[PDB]
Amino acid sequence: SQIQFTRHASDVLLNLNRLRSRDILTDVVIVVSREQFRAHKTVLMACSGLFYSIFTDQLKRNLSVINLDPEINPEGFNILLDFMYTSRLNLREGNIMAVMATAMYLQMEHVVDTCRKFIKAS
């Protein structure tokens, strides 16, 4: 039975976000209407059913650009991408509906569950 390091996973994630912030080894650009966001495909797959289903497929494995659905709110996507890399979700009454629709599209069931609880507690 192995020694558990309770802070390790959070430390790795912090460093993955630092790599994203310095554009180190990012391998995809997500185009959301007039905005673009660079990221690591590995993190996108790890956090989203949509990105998992795209990049596990050898047909799409090597794509360097992904164009999201035209109606996806870029603010909602930006908040979710930050969530992926930080474990912190920037939810408020002013963005709840946009964040919820985007998380349903991205297939992020725990975030959708949290959005539903935010509405229930409102």
Contents of the next structure:
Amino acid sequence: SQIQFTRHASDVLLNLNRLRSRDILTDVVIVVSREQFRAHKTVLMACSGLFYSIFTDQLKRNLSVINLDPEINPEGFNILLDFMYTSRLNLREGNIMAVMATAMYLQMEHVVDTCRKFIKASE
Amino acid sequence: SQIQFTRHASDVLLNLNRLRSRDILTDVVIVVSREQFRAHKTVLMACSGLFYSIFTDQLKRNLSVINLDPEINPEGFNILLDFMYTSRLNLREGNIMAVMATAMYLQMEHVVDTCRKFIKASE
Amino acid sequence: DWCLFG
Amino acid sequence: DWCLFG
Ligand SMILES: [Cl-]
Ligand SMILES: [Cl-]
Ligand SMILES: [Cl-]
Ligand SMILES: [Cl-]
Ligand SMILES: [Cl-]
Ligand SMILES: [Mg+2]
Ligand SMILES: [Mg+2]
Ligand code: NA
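Show the same protein again, this time as the form deposited with the partner chain bound rather than the form solved without the partner chain.
Time for the whole complex; same chain goes first.
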């Protein structure tokens, strides 16, 4: 209720990312143009509208391997998967179009909105 | 040179608590005598020294049912489980001893520290 | 640390 | 909202 620990959510995310690094309790591999990325389905559901919609179905929820569209940039996905587990992203001239496209595909509204703003600032 | 999303970690935790409420992707039941609590082992590992220590062993990491000491106050546990998933605690005269004892059992050092400070101010 | 949720 | 990480 009234007492909050201000670093708690960030510490939880840090520890979740450590479990990912160690391959502890990971339950899915995402495949993007023949590159593989291990993850926790709970984190994917909590961060992406696409994964949320897919994994609410019990059948697709049980899948151990999930393929993304073969036109998705794996580095864009890598960037966004690391964002899920850290809250941080490098948004720069050389990657903004791939990140925005990938964030649109994953239904990550706040990243999309930020990308939009950054693109509009450069006309 | 990174960009940070200030609400991300709190939003992730909110959505994980939503998944717990809906019993989505929960992989353990924590038993305290006759009371039962469904949870995500990843969240347990990320917040409690006890759960981190036992779940480093693959054998215990695989358990679907975990029993706590039946002398544990189950509302004390419930308070602390909700804290893991929200960052928030109601700490007050009538519950502080039970919460403190439970936090010591669970090896939740920051909660124990804050309980200690609150108790000391009432001496 | 801890703070008031508010 | 977004901000500089630093
Ligand atoms: Cl594992
Ligand atoms: Cl987002
Ligand atoms: Cl009981
Ligand atoms: Cl009280
Ligand atoms: Cl703690
Ligand atoms: Mg698996
Ligand atoms: Mg690009
Ligand atoms: Na599976």
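Positions refer to the first chain, counted from 1. C-alpha atoms forming the largest set that superposes within 1.5 Å between two forms make up the rigid core. Only residues modelled in both forms are compared.
Core aligned; the single run of 3 or more residues with all CA shifts at 2 Å or more between these two forms is 120-122.
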